[PDB]
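Let the hints inform the model, and build the full structure from the sequences given.
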Amino acid sequence: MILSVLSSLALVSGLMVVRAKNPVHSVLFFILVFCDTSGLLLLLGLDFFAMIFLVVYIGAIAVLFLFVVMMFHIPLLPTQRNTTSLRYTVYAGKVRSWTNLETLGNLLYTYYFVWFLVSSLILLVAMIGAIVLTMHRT
Amino acid sequence: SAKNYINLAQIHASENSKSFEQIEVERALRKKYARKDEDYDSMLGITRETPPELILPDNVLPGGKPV
Numbered sequence: 001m002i003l004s005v006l007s008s009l010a011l012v013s014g015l016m017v018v019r020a021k022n023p024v025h026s027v028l029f030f031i032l033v034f035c036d037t038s039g040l041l042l043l044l045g046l047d048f049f050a051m052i053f054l055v056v057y058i059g060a061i062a063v064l065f066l067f068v069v070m071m072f073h074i075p076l077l078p079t080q081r082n083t084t085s086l087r088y089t090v091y092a093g094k095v096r097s098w099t100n101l102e103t104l105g106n107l108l109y110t111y112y113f114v115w116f117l118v119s120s121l122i123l124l125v126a127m128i129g130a131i132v133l134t135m136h137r138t
Numbered sequence: 139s140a141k142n143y144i145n146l147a148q149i150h151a152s153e154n155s156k157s158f159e160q161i162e163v164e165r166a167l168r169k170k171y172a173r174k175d176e177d178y179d180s181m182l183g184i185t186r187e188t189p190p191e192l193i194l195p196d197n198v199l200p201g202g203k204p205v
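Protein sequences, first through last, are from chains A and B. Just so you know, we're using my numbering here: the first sequence kicks off at 1 and counts up by one. Just so you know, we're using my numbering here: the second sequence kicks off at 139 and counts up by one.
Honestly, I wouldn't trust all of these hints.
Distance windows between CB atoms, simulated [unchecked claim]:
#, chain 1, residue 1, chain 2, residue 2, range
1, B, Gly202, A, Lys21, 50 to 60 Å
2, A, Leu64, B, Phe158, 52 to 62 Å
3, B, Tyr178, A, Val125, 39 to 49 Å
4, B, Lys174, A, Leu46, 33 to 43 Å
5, A, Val24, B, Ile193, 49 to 59 Å
6, B, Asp175, A, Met127, 22 to 32 Å
Anything over 12 Å on all C-beta distances counts as not near chain B; from chain A, calculated [unchecked claim]:
#, residue
7, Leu6
8, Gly59
9, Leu76
10, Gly93
11, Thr99
12, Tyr111
13, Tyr112
14, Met127
15, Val132
16, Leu133
17, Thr134
18, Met135
To be clear, the hints were calculated from the coordinates, so they are not data collected in a lab. Beta carbons are placed, not taken as given, at the ideal position from N, Cα and C, and that holds for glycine.
What follows is the structure in structure tokens.
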């Protein structure tokens, strides 16, 4: 039941984002959408992404949007009588069990390392573009 | 007209008598400052003013346009 109420509140916040009356409240609900989304990811079992969503989305992107706004103004049926006791747990593999961070870093920088450098180039493009356009310096 | 051509002749006098070494500098400055760009100059924080050698005296203007 924790998933249902959280998803519903996220949906309501997302709906109110697009039909907001002023940009400030739009950004405020935009933050709550990511808060609920991070909570949902936390329920999913991915703690790392659930907190990157705070660090990036409502840590830097939301702050950026708020700064700009300030100025310039087949399913399985719910019957579960004989399924909560049919869980087979393979104990092998629980010993030396990695987290969501070690597993990701194992293959992000070593096997699929070209895409990582492509993302670096994307970041450099953003950094250069934000400067060429907006340097008045008068 | 008689009074105006008197001060008109001074620029021709100061132009026809220029030495070759002065002419090189004059042509380089004229080509360098042919066109301007407020965008890049403002971005760099600098303003490109016309050199004093490239300023005609106000008395030969169409009636006075110091700006």
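Structure-based check of all given hints:
Roughly 56 Å separates the CB atoms of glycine 202 of chain B and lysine 21 of chain A, a value that falls within the hinted 50 to 60 Å. Taken as a hint, the range 52 to 62 Å holds for the pair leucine 64 of chain A and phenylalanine 158 of chain B, whose Cβ atoms sit roughly 59 Å apart. Checked against the given bound of 39 to 49 Å, the beta carbons of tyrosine 178 of chain B and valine 125 of chain A, roughly 20 Å apart, lie outside it. The supplied range of 33 to 43 Å is broken by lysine 174 of chain B and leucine 46 of chain A, whose beta-carbon atoms lie about 56 Å from each other.
Range check, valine 24 of chain A to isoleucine 193 of chain B: Cβ separation about 52 Å, and the 49 to 59 Å hint holds. Judged by the Cβ atoms, the range 22 to 32 Å given for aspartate 175 of chain B and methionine 127 of chain A holds: they are separated by roughly 23 Å. Separation of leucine 6 of chain A from chain B is adequate, the least Cβ-Cβ distance of about 47 Å exceeding the 12 Å criterion. Listed as outside the interface, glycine 59 of chain A is consistent with that label: its C-beta sits roughly 30 Å from the nearest C-beta of chain B, beyond the 12 Å cut-off.
Once the 12 Å rule is applied to beta carbons, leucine 76 of chain A is consistent with being away from chain B; the minimum gap is 61 Å. Chain B leaves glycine 93 of chain A outside its interface by the beta-carbon criterion, the shortest separation being 58 Å against a cut-off of 12 Å. The claim that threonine 99 of chain A is not at the interface with chain B holds, since no C-beta of that chain comes within 12 Å of its own (minimum 47 Å). At roughly 42 Å from the closest C-beta of chain B, the C-beta of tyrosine 111 of chain A stays outside 12 Å, upholding its exclusion from the interface.
Consistency note on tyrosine 112 of chain A: stated as away from chain B, and its beta-carbon is indeed over 12 Å from all of that chain's, at 38 Å minimum. Every Cβ of chain B is farther than 12 Å from the Cβ of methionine 127 of chain A; the closest lies at roughly 16 Å, confirming the non-interface assignment. Annotated as non-interface, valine 132 of chain A brings its C-beta within 12 Å of a C-beta of chain B; the closest such distance is 8 Å. Not every CB of chain B lies more than 12 Å from the CB of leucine 133 of chain A, the least distance being 10 Å, so the non-interface label is violated.
The beta carbon of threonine 134 of chain A is not kept farther than 12 Å from every beta carbon of chain B, the shortest such distance being approximately 9 Å. For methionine 135 of chain A, the shortest C-beta to C-beta distance to chain B comes to about 5 Å, within the 12 Å cut-off, and the non-interface label is violated.
Of the numbered hints listed earlier, those contradicted by the structure are 3, 4, 15, 16, 17, 18.
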